[PDB]
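Asker: So the chains spell out like this:
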Amino acid sequence: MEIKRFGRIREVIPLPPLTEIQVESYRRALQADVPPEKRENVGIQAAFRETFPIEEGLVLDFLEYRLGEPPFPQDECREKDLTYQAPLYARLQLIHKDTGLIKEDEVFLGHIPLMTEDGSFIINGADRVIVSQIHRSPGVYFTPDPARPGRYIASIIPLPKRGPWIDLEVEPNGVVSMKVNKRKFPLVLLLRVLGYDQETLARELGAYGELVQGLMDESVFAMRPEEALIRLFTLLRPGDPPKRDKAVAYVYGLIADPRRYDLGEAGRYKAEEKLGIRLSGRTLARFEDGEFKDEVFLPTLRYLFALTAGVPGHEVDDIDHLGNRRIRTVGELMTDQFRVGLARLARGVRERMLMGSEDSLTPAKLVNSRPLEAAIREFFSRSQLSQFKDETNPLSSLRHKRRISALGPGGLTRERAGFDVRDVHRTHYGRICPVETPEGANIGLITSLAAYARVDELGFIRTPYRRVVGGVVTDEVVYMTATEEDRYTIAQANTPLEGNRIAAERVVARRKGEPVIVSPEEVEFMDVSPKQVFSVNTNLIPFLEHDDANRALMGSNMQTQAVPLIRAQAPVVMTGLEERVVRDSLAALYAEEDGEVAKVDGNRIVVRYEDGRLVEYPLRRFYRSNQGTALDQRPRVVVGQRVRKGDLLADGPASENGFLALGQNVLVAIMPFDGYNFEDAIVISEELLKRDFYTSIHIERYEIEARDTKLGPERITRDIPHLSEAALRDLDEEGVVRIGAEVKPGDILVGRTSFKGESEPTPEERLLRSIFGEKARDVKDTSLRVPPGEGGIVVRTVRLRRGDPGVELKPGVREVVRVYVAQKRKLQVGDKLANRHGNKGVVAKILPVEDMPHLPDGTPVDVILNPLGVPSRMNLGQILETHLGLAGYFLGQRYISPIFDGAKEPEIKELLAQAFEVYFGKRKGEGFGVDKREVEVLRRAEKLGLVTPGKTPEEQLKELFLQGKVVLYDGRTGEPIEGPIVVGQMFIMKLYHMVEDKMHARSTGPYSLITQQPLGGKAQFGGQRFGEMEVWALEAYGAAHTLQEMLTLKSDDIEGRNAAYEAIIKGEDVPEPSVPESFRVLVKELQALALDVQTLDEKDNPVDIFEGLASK
Amino acid sequence: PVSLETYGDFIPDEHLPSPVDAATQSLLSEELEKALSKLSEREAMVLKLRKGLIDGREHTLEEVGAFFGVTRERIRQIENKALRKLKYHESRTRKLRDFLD
Amino acid sequence: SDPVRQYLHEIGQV
Amino acid sequence: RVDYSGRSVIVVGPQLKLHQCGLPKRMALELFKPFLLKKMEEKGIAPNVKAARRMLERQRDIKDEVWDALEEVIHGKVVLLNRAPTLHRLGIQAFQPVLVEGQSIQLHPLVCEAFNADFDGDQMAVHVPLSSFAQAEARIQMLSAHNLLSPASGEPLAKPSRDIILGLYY
Amino acid sequence: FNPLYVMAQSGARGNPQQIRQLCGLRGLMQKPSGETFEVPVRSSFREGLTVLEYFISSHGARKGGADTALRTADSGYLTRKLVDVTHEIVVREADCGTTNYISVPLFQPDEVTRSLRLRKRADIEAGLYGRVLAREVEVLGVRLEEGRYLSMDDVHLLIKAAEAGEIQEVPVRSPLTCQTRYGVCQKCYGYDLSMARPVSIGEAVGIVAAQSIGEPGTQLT
Amino acid sequence: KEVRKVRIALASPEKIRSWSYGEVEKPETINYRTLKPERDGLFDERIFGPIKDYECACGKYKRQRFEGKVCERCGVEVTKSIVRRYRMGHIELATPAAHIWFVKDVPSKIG
Amino acid sequence: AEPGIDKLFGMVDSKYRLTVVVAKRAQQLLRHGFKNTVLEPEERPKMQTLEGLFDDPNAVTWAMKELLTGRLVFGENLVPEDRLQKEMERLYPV
Amino acid sequence: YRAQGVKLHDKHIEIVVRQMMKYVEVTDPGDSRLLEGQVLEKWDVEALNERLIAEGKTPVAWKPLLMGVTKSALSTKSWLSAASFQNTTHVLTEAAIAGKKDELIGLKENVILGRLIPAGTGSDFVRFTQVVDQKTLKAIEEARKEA
DNA sequence: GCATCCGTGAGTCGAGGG
DNA sequence: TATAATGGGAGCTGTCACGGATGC
RNA sequence: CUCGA
Ligand SMILES: [Mg+2]
Ligand SMILES: [Zn+2]
Ligand SMILES: [Zn+2]
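Chains as they are written, first to last, in PDB author numbering: chain Z, 1 to 56, 63 to 1118; chain F, 314 to 319, 329 to 423; chain S, 78 to 91; chain P, 622 to 791; chain E, 1017 to 1237; chain R, 3 to 113; chain X, 2 to 95; chain L, 1356 to 1502.
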């Protein structure tokens, strides 16, 4: 169908690769395509450079490294639950200083995980994502003292775990102090150690009135740098002997040592820019020619004394400013844990050099790869910023890789984060999306990168702008930092332009984020697009300008919760970004070059290019993702089809013809229906389930292990004690469920038999054994069955046996069986539906087609939405989506309406007019006039002022259609609704939250080991937790026996719950509850604290609640 | 070994009997007495002593024989006829079949 | 405060 | 954490009386399971308790006669509906359950205010009072229809709101 | 009969401020520092907001959500405090037999401090309705006996007599003056506000009081 | 009887020894190969009671007919295994040690 | 709402005393197999089954209806607890 | 609350405020064993004062003492209620030293032990109530009459 | 009398996931 | 069972308010 | 920790 696009804004540049923040960072760190001699000092290369050489053989030195090919491909790794990684080899040489002997060898350091093409990782078979982190950029900062107005604090901040923060404060007594590891000492003392003299400090710092007299201490200048160094050492190290060489080593490490103290590369530039100096190294000082040489200390103290005195040119700093905040990408976060793991290997090296023979040693003997593997293995497994990938739809994956977290290791702890870190800073513009962010406690901590935004080599985020010279807007695009941007005046993207020249004599612009109205002469730069202000998901919301930010947040966040539907359709009204997202997410298959398609198959597509070469593209089909949604590729092309470069081949999951499809386009009628849509609830037509709208495929993986025990080995077998053929019907010879069989709750997936525990038959068992004359079997039924409320058709079986080629399991494990059970989920009652505007609700009712409100021509509506949802939420976008969707219904055309530049009301009115001629005009040609019911509604409309009195019925119906309203007939009556109802097409998605997964119930079941209270969780078949606030509820009602029930019979009372279940099944009332077991645990846990807890009667005589069991 | 606090909330208690099993053993002990009441006070007692439903342990044919006073040959066929009369009462009523698992 | 340092000091007495 | 409890997504029934709530069959079968076994023995649906339990273990082994038995079980009895957080005592209320097809719990519109529960995907937990005492406490004191007013104010807590008010005003 | 207007008036959905944004100007907005932007959005959601106008607004929206987030944590803490302090309080008896009471004022000093004016209706009902008179009250030729539970109409009557200058304050049995040990009595507490009748002995008012105070804790801005 | 009161107080070493069913001498848990309680260890059945209901360690007395009877060979009492959640052990220190609660809780109760 | 619940709250000096009375009576009926009921055959609460009307299995339902008739006596220390138990077991065997 | 449009009865607040005034400080021992500066409940000091006055002794001079809910909760007589709240270590130590006995007066105490809360259907007021039909009531009345 | 270091708190329920 | 060697390494910190011991 | 309310 034809697609009409609106807006006058022409994007000069397209969107940058969206996954580049992941891919480019990890490529920058690895440098695997770079020859070892051409590698820079950045990345894992740096880690070798910092760690080596290792002295005190004697010297073990680093040469170069390399990365071998992965032992298993990506798909095979997910299968065997291995990690996709490359082997790391490093060439080292052992050098004895005295002997001169040189032994060189290439050592194996273990494997380093590799990032996939799309920007994610595979760890132990599970796809994971490394979330970028945001923190305070290293450098020198100055902030106003909260306690002392007019006085300021100098803060020198290095990288995380790169060494301590340092504070320079002017004390109430006038002296200038320094804070290191929470220690207050006069800065003058350290200055002497740097070699400074009163002669130098007076000329330099004397220009600032009476700040220099707090720096003057005669006792400090009365001693040489060697004496003051030992003086400082005693202050910072109580109890440690003040040895001269141990004093130098501490200060050197604390200050001059690059191997320990390191400012960021950005931290260096930030210090240079702020202090107006140049840093030789990345440290605060240097050890040169036997002494210490100052770098950052003097210019910092100079800047503080100038700011305090009021000397112009010195201002405080905004720590929330995006120029002072940077981003730690996947490459930097991995490097640090690689840097730590390397230093741990170094500690093993120096320890190895002290032991063993001093003559014969090889780099292979010294190097233990274990501490390096562990540090990496932990970072891709147990790290906070390493998260389980969200695969639910292709947009979920793209957004997850574009996330920014202020939390995590080295970042802000929760109790630390206030309003300031959470707030949207004026510098977030074009960089961090103001819309997308979690609801609740996570707000402002987790954000999303802007569409056009870019993270530079220094870690800061840059946004594009257009060069404007003399009122002429060029195509030159300049990515600026938050600091660079503040220097100019930047006009808005919608600024009127005739050709390349500014049309308006008054334009809207920003100066340091502050909006201002200026002339074309005063305009230095111009926004590229309105798209640069918002994230990817927020840019998928049409008519965003008509939606309140709070609901747009939800509409944005809920698109990633969208479940791919078998029938899924692209939105009738789009933002135009639907194509790029599909491409960058690598969901769809595309044509590499020009050529002709040789073959088209469900599993396969073969293409012959202009080169003449035959390229076979295998198609991913019904693969289970992380969240359990089905990921499959459907070929969009036919045999012999001529295709160009970049042309669609196969449609990925949640995609239609190369466009992003998160849901269905349905015809909605906005009106209350019988309290069924009451409070955000939704009423849907049964016609949706008939044509299979909102139906998705879901897969659930089941696993079981046979292991060797001391009672004998467990085994997968078709022989299960005490089971009929009916139970074993779909099981194969080996005891595994066949492919294509329908499984229901209680059915057996994989049969397994384990030897019974050592068993003393009770008298009831021995007598029952002799009655039926049957010997008790050795094994018992351990078989893996289907968990209650689950089921489907088994599409796959995977079996790994010990003693078989390519198969080695964990110790003790014989064989591991994996059963993949898929399902086809129809939309039902309790499933959650939502639109792109933030409107969301569960379906409360499904009406048969004849009960649905319908059009005059007989066409019933799909979804009935409650109009009460609109006014309080203030999102009008769905209303405009519906109006324009109405026209698209009868015009058979979709629309591209970009954010903030799109179809205005009159433009939609023009389309609705054309829609009316097709809708109504068809009727008058079919030989039908106006219905009686239509006139009754028109009479009502005249009273409503929706139509102008006196016009013909047709002219008034058109006036209603232009308002997007139509005459609606109740299906139950046939009588019309007393007024015209807004009806049109809307794009609605099915969210991942479904009633099938969320329903749970328990009578009795498993209990925790100690507490003896029901387990938590659905998978464990546990009970619902009744908390403190719920106990208060029963208390406030005053129901004691309902409360005493929850505290005893239903949870922890072992005598009570056993007696209760037996009472009910016998048809007897439940017995009086006894003492809860968790209280006895409390008593005993208190006894371990040497506290005597005595339960006493009214006579103060102890009462044993353990019934003589614990008393000798 | 690994720490419980790493995770202990995901671990079931396999030792103590669930109310289902507790009631199952209780309904078994009652149904057995319903079957043994259809026998004589002796042949029901011999079966209880032979399988140890009284003092908890299973006596030999000499001890049950000496308790009742009869020869070991006699007390063994009293056990048999009590077991045979239980087999006939079981095939008719079919009450104890469900407990055989 | 630090048990190790306190021990190393008592060792430095002899 | 307690036994005889379950949870699911809530959906508004219009048709429920103020004292009623839709309770899914599959949940009620599990929640009332010890009672259901007893009723099954009182009828010819099963020889004994253990035979009846094994009958319900497999879904395909569940026939039509057991539901009609379950209806007799829950007659006159009430469950407890609760939504977190519970700010005040009305965060838990007593309802006479009505078996429904589907996996969703049905909630009466007028008590939504007291629960502060909307239809946007809120879930609620079910609790079943066992003893004749706990059923007497629930029915008399904790019944939704038995508390019409707020203990904090004394103004009506359950009152027309949203669509009901819009319809009356029209 | 305009749909937005109807829902606003009826009390079904929306308030004047929310309706204004759909029709009139969006209004003034806040800088992240709490300062207010000199330039308000002149747009309405009907008309649509520019990309700059949208961005200016997100400062407040973010501040608002983050405020609510950090607020609910502090409200929940307060609620738990109130419960733990008031939990042992339950009505243990019909009457403690105290001669002590509190005087509920119907008049509050004006901010001009010119004179005394009548308190708002809602405020008087809050400290009057459902409480027991500790002394005989004769107003407007009506006798309200000592020991009487004041109904809603009994309160509106007392308001009328106040407007007539007959009664400036109402003696009332209060938990402040209640002498009952380990809790309160029936007379001092007054009505059970749920049943609009005298409180049933054995009712725990402590938890009820704590919950009542805590509940709209997330509502306080 | 019915409990009307709960009292908490200080436990004397003699009181502590009275609760104790034995001293745990060895810092051992279970035998590595047999996965059974080590003698005089933390899990020892001689002290804290039997693992299996009414059954000793060696298996000499397997039935309820022996109750309160302490086996001669393995020294394990024959009784319900539920007592393993109940019976206290004790450790006798060579030198007295202060209870940290009465030290670091300010102001110190010992101080 | 429970039928005549307004009247029941008038019979008692506390809303909770009503519950204790209703609950205890519901236990007396269950234990004695509803032989002690003060309800006439036409006053019997009925449950509609697949077949037809049958007695209401709910003991609490009956208790509330019995209480409405005023044929039950409630209060404290009317009869010794143990003596009250066996006088019912004599009249209505369990 | 009024500012936010929340209708709330004054008496609810009065319950809490009452618990804030629950304690007093001694300005002089008089004839008692009490100490100057010692803090105790207003109930127990007046109960001692009426005993000393009845004994003709000198009553204890005390001061009204206001404390916030958090402190009032930890200052409660029941140690089970206090330790279940916060500062468990500080609470348990002083409770163990004094050999304190909990009478289980409040709700929280009984909730822990799993006993019947002294409120509503579990209140001693209504919990001893008996139910008897006239047929049974007259059956016992004749047994009493014959004896 | 009054600054300062230490210890103690900082919402509920339910999924998933390592 | 015997060259002789004799003082550790770890360390990123963006909140608030309370009582209370600690010091000038 | 990430989500749902
Ligand atoms: Mg909700
Ligand atoms: Zn009183
Ligand atoms: Zn033994």
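The hints are simulated quantities; they were obtained by calculation from the structure and are not laboratory data. Accuracy of the hints is not assured; some may be wrong.
Below, computed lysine-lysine pairings styled on BS3-like, alpha-carbon distance capped at 30 Å [what the hints assert, rightly or not]:
hint: 1; chain 1: Z; residue 1: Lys930; chain 2: F; residue 2: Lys356
hint: 2; chain 1: R; residue 1: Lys106; chain 2: Z; residue 2: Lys762
hint: 3; chain 1: P; residue 1: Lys646; chain 2: F; residue 2: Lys356
hint: 4; chain 1: R; residue 1: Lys62; chain 2: Z; residue 2: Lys816
hint: 5; chain 1: Z; residue 1: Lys1072; chain 2: F; residue 2: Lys356
hint: 6; chain 1: L; residue 1: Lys1397; chain 2: Z; residue 2: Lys1105
hint: 7; chain 1: Z; residue 1: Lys851; chain 2: P; residue 2: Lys664
hint: 8; chain 1: R; residue 1: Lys17; chain 2: L; residue 2: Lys1432
hint: 9; chain 1: Z; residue 1: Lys781; chain 2: R; residue 2: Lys54
hint: 10; chain 1: Z; residue 1: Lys716; chain 2: R; residue 2: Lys17
hint: 11; chain 1: Z; residue 1: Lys1072; chain 2: P; residue 2: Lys646
hint: 12; chain 1: L; residue 1: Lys1500; chain 2: X; residue 2: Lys87
hint: 13; chain 1: L; residue 1: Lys1500; chain 2: R; residue 2: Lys106
hint: 14; chain 1: L; residue 1: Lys1455; chain 2: R; residue 2: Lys106
hint: 15; chain 1: R; residue 1: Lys106; chain 2: Z; residue 2: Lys1118
hint: 16; chain 1: Z; residue 1: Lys1072; chain 2: X; residue 2: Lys8
hint: 17; chain 1: R; residue 1: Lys62; chain 2: Z; residue 2: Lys1118
Asker: Does the alpha-carbon distance linking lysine 62(R) and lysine 816(Z) stay inside the 30 Å limit?
Answerer: violated, 38 Å
Asker: With the threshold set at 30 Å, check whether the alpha-carbon distance from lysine 1397(L) to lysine 1105(Z) stays at or below it.
Answerer: holds, 27 Å
Asker: Hey, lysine 851(Z) versus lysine 664(P), does the alpha-carbon distance stay inside 30 Å?
Answerer: Violated, at about 35 Å.
Asker: Quickly compare the C-alpha distance for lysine 1455(L) and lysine 106(R) to 30 Å and report which way the hint goes.
Answerer: Roughly 21 Å between the alpha carbons, so the hint for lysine 1455(L) and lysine 106(R) holds.
Asker: Assess, step by step, whether the Cα of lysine 17(R) is no farther than 30 Å from the Cα of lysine 1432(L), and give holds or violated.
Answerer: holds, 26 Å
Asker: Regarding the pair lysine 1072(Z) and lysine 356(F), is the alpha-carbon distance no greater than 30 Å?
Answerer: Holds. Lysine 1072(Z) to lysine 356(F) sits at ~16 Å (cutoff 30 Å).
Asker: Quickly compare the C-alpha distance for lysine 1072(Z) and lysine 646(P) to 30 Å and report which way the hint goes.
Answerer: With Cα atoms ~23 Å apart, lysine 1072(Z) and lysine 646(P) stay inside 30 Å; holds.
Asker: Checking one constraint from the list: CA of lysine 716(Z) to CA of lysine 17(R), max 30 Å. Satisfied?
Answerer: Not OK: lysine 716(Z) and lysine 17(R) at ~42 Å, beyond 30 Å, violated.
Asker: Quickly compare the C-alpha distance for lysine 1500(L) and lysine 87(X) to 30 Å and report which way the hint goes.
Answerer: holds, 17 Å
Asker: Please work out if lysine 106(R) and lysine 1118(Z) have their alpha carbons no farther apart than 30 Å.
Answerer: With Cα atoms ~34 Å apart, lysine 106(R) and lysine 1118(Z) exceed 30 Å; violated.
Asker: Holds or violated: are the alpha carbons of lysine 781(Z) and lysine 54(R) at most 30 Å from each other?
Answerer: holds, 23 Å
Asker: Just to be careful, I want the Cα atoms of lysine 930(Z) and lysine 356(F) compared with a cutoff of 30 Å; is the pair within it?
Answerer: violated, 86 Å
Hint violations for this structure: numbers 1, 2, 3, 4, 7, 10, 13, 15 and 16, all remaining hints satisfied.
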